[PDB]
Structures are given as C-alpha cells and as structure tokens.
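So this first bit is one chain, no partners, the form deposited in one PDB entry, shown in structure tokens.
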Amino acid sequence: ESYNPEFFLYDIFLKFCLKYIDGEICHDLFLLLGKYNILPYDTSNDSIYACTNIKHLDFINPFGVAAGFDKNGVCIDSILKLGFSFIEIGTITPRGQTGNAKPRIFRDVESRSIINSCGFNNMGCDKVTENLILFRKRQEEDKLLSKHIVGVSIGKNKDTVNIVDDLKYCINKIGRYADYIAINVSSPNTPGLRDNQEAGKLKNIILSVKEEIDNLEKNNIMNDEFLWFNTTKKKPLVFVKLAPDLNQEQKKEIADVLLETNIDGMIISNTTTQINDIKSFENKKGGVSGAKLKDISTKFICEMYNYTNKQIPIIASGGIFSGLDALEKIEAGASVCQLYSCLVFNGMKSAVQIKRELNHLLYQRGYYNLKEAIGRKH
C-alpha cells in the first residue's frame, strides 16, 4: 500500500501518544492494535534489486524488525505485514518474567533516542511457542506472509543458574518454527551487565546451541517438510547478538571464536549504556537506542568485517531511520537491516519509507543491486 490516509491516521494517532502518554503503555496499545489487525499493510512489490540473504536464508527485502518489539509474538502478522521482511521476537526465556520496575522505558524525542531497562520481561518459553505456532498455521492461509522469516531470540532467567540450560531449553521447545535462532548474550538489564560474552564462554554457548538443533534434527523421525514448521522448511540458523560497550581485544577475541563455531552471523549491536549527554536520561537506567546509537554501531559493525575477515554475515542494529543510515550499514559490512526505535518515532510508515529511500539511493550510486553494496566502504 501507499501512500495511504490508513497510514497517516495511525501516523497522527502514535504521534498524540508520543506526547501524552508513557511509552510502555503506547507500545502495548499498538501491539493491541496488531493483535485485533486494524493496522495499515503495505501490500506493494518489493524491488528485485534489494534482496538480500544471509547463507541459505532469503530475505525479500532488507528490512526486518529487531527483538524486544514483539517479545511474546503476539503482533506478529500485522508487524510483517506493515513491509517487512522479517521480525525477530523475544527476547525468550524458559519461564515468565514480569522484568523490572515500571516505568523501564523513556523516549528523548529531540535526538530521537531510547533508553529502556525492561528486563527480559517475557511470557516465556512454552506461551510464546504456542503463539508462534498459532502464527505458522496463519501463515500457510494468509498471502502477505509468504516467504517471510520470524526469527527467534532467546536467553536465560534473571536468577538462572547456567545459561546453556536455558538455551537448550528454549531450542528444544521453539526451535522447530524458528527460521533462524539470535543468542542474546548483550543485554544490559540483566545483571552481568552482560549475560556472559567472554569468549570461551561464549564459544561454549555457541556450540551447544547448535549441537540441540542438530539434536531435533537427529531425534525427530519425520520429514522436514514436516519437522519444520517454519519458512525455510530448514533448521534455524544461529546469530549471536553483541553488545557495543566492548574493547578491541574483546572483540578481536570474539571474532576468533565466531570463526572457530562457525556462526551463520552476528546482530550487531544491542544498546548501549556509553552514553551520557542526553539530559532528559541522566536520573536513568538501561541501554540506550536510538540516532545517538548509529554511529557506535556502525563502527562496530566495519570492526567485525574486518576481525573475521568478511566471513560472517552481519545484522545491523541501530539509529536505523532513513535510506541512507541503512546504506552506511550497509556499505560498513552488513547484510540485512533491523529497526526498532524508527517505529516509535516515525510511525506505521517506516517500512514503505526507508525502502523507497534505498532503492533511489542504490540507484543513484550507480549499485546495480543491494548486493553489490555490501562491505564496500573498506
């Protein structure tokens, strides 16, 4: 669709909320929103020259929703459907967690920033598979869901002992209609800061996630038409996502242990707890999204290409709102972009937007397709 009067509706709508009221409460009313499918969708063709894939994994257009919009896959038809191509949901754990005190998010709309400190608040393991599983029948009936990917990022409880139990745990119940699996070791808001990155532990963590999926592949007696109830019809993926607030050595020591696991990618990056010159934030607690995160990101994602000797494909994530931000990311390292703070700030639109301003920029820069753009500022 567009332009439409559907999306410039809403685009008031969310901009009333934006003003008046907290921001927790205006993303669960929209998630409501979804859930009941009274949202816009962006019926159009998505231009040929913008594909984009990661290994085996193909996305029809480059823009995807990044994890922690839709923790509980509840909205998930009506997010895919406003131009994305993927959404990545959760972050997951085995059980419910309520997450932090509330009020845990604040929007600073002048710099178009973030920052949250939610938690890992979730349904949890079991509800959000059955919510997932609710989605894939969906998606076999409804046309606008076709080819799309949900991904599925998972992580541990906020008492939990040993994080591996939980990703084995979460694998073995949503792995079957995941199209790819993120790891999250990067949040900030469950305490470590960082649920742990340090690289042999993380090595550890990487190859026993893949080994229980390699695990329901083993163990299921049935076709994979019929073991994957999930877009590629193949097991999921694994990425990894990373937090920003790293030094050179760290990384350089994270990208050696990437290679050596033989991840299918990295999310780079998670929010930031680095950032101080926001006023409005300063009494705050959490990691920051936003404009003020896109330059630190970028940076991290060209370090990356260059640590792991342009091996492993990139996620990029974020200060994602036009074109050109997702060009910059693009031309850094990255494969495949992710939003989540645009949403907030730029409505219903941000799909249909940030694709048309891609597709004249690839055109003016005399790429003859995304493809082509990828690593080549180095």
Contents of the next structure:
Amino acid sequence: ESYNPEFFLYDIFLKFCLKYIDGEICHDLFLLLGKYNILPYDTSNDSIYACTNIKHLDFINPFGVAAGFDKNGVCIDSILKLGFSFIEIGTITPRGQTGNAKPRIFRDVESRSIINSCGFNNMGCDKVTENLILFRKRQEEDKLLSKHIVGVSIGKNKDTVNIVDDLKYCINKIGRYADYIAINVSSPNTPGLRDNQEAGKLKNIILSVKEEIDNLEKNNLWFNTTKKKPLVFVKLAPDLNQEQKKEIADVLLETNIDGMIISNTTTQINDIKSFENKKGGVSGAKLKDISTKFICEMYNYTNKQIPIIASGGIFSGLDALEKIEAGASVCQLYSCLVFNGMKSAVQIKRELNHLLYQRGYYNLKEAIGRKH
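The structure above corresponds to the form deposited in one PDB entry; please provide the structure of the form deposited in another entry.
Left out here are the partners and the other molecules; the chain alone remains.
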C-alpha cells in the first residue's frame, strides 16, 4: 500500500509542497527521492489496447515524461517505474550550463500553470551520456525495463554561433544510447533559438542531424532499447503563424522527419496575474487548447504523414484522448507531474482506458486522428 503511487501521504506532501516550497526545490526533492530509489512504483501490466507506436518504437502505454524534467538523466529508472512508457531526457548541450539566475520557475496553482526561464541548465553532453550509459547497463539486467524507451533532447549552448555544430557534437556522443533524438528548436529562453524554425534553416538542421546519425555506424553498436539507430523528432513552439506552420510542414515532409513534438511552452498566455512581466514560457492547463489546435493544424499540413507526440496541458484521460483524436500517437506529461504528483501515470492510464471503452474504440490506435 505504501509503494502504491496513490498512497494518501503523497497527496498530503504534494499539497504542502505546492503551498510553501519553491518550485525548483520541490523538483530537486523529487529527483533526490528517485536518485535513492525511494519513490513509489507501479509495475502492473498495461492494457494491450492502450499501447501505441511511432514507426518501430513500441510504447507499452501512451504516456511519457516530457523533456526538462530529468535534464541530466539521473532519475530514469524511478520515473519510468511510476508507470510511464518512455522519458525524454535533456535538453542537453555540448558543454554544461547553470542556466539563468534563480528564482526562474514559478507556479500558479489555481490555474495549474507554470512559467520558467531556466536557460538549458544541464551537466553537459558528456556527463549526461555517462548517466545514460549507466541506465542502459542496468536495463540490460532488468527485464521490467527492457521495453521502456528513452529519448534525448539536444540543443545548443547559449554562446554557440552555428547550432549544427552543437547538434552534431551531441549526436556523436550520446546518439548510440538513444532510442530517438529530439531537436529542440523551440525553447523560448535561449536567445535566437526559435529563429531556427524558419524553413531553410530547419531543413539544413534536420538533414545535418540525420546525416550525422547515419554516419555513426561507419565511424564505429546500438546500446538502446530498439537496438536500431535513433529516430529523429523535432519539437516545435506554438507561437507561429499559419504561413510558418505550412512552410515547416513542407520541410518535414521533404526531410522525412520521424515525428514532431507539439509543443513547447508559449508566450501567448498572459492572463495570469502573478506571472505578469516575468520572463519565460508558460506550461500547464492554459496551454491545452492552444497546443491541441496546433496538433490539428500540423496533422493536416503534413497530410497525416508525420506522427505527433503531444505536449501541453495534459492532466486527464479526456485531455489525452483529445490530443489523440486530434492526431497524436503518444502523450508527454510535465505539469501533470507537478500538480498531481506520484499518481499522474497510474491515474491518467486508468482514465484513458475507461474512456476508450466508453467511446466504442477497439484500441487506442483506432482513435488516432478520428476528430478529422
């Protein structure tokens, strides 16, 4: 009963943390609990009707943890054992960074919103690779983790001129241990990063990343879950106009990107009194509708040819079903872990299974894109 993530004390501690403790400190405490493997766990098998896939990536269930939660890969086992099918570590950069000055994370509990200006704080590609190699060694000896997927989000150091150099550096160090690589061109907290979403720049970035991944073999294998070379995803920002979204879509089709993560934080949420005039991008429930509309738009601009990982405002099974019906094959959570806590995975999985049964869906795959 105690290791059950729905134990009552966890909600007691969650409420106390959300009322009296700084956001980053709460996060650091969660990571500390996982580092010592004293977090609750849920090793129950998941419904075979709720599993999903992106190409050859077979997700035991449709819920993972978004990037920026385990930036340095120091907590992969514990987070996954909460009930998640995958996690995206990072975003990492070649050299470590401490990020912007603190406090840089703020919460609004009433609206279930977060705002952050972290600035790609992380231990750097080389250290984080060592943490991921340790996990992959543990995974090779634990059967309960053999189907779990780990992706790596890569970006650039603040002072780097040509992003492709930094992306290549990361791919050549951590790529062989990744099940997929997420190209982060959508953080609002690294000056000029979002400009790389322009079509011509993005195209060259994607081809450069894919060419570097395809060269890992020759340069001398796959110490990951798929035992295959990592897929390539792009994470997009929701603060784009329609012509930019159409131009990106055309590039994603030409370059054969394996999927698109929709979406990162936004600067369009400005009705939160306590966040006014603050730096950073907003996450949480207020982002849900904005990011779901973005899924529908890109699902149609890419003619349904590009799989979608949903990110933004997902708290309930209904929220997740809305993303799936809009076009998503899998969902990523972040703010749900902040405001619901340890029970996030267990609870949302049960809710979705109930909804699939209620709505007359045979399985989750049948629901993908049904809104359209």
